[PDB]
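Let's look at chain A:
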Amino acid sequence: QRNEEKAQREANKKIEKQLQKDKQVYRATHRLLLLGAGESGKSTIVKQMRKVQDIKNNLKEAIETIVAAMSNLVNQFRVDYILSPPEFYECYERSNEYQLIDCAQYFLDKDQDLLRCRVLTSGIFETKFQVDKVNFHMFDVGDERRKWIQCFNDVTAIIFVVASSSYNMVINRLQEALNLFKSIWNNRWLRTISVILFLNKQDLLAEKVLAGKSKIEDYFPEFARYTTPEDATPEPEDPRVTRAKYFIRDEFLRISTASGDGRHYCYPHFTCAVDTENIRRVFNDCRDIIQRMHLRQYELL
Partner candidate 1 sequence: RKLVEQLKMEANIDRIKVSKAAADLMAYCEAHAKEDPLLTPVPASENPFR
Partner candidate 2 sequence: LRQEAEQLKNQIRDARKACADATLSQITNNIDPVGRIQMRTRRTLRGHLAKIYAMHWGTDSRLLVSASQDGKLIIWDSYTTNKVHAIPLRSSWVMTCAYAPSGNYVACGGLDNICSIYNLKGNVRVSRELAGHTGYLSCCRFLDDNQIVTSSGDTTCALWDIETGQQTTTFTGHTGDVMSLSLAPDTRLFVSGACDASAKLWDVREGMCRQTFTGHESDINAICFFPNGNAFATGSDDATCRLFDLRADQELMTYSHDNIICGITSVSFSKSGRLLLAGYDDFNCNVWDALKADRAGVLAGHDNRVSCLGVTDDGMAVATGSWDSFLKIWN
């Protein structure tokens, strides 16, 4: 009777007490979303920021997928045996047009092998790590509609990894990746969410840029007209690629800044596979996210 109603209050108190403890933990934790194309190599950043036989088996299968695709796109028994194992174990120039794993070429020619080539996962991969700051949880979507983006509204920042070197993979892939960046920027629901984008494969970018076989002007006519910014550029790199490096950033930057002002910022970072400081770069940029969000609050900015 009335005791049950009193009993229900005690059960409610336990739930409220349990929820209150998690409220501080949830508020402390920060959520990020990682967006990238299949060839963007977003797994490299996640692995760098944070078995071999299993990876080798998938990598060996990946080599066959590129081998089979190359023949179709253009020792027949050996090709048939591989397409259809020690017997199976016993192109790259045209790999830009074809679809292939980035680390497949290194694997095909042949300990950081896991970092170089990693097996992808269809499911959502949640990464949790601490940088001596508040708890950080990174979420990965793992489709054309991209309706799950509208679900994300509480994330402090969005990671948008771009393969800068992958501008000659016309199916241009970079313009397609740039096109998706416009859609997320102009999203009617991403009003108070910034973006942190990494121009991955910067080292690979120079190699394509240094070699004259592929010209960036062919894909982008405005590149020849575009000139290097007067701002400081780190060097150790030739200015011929340095002008190329800034152009791809300017293309991303021009759309990002023009569309909206306030609570919509982009933090382009040039990154390389060898570099492991990207974890600190995010934290430095993540700190700027909260400040600029708070500066706009109370109209102090």
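The rule is simple: a contact is a pair of C-beta atoms (placed from the backbone, for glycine too) under 8 Å apart; a residue touches a chain by one contact, two chains touch by 3 or more; residues count from 1.
In picking the candidates, the idea was that all candidates are chains of the complex that A comes from, given by their letters.
Enquirer: Pick the one that touches chain A in this complex: which of 1 or 2 is it?
Expert: Candidate touching the shown chain: 2.
Enquirer: How about chain A: which of its residues touch candidate 2 in the complex?
Expert: Per the stated touch rule, the residues are 5, 8-9, 11-12, 15-16, 18-19, 22-23, 26, 122-124, 126, 139, 143, 145, 147-148, 151, 153-154.
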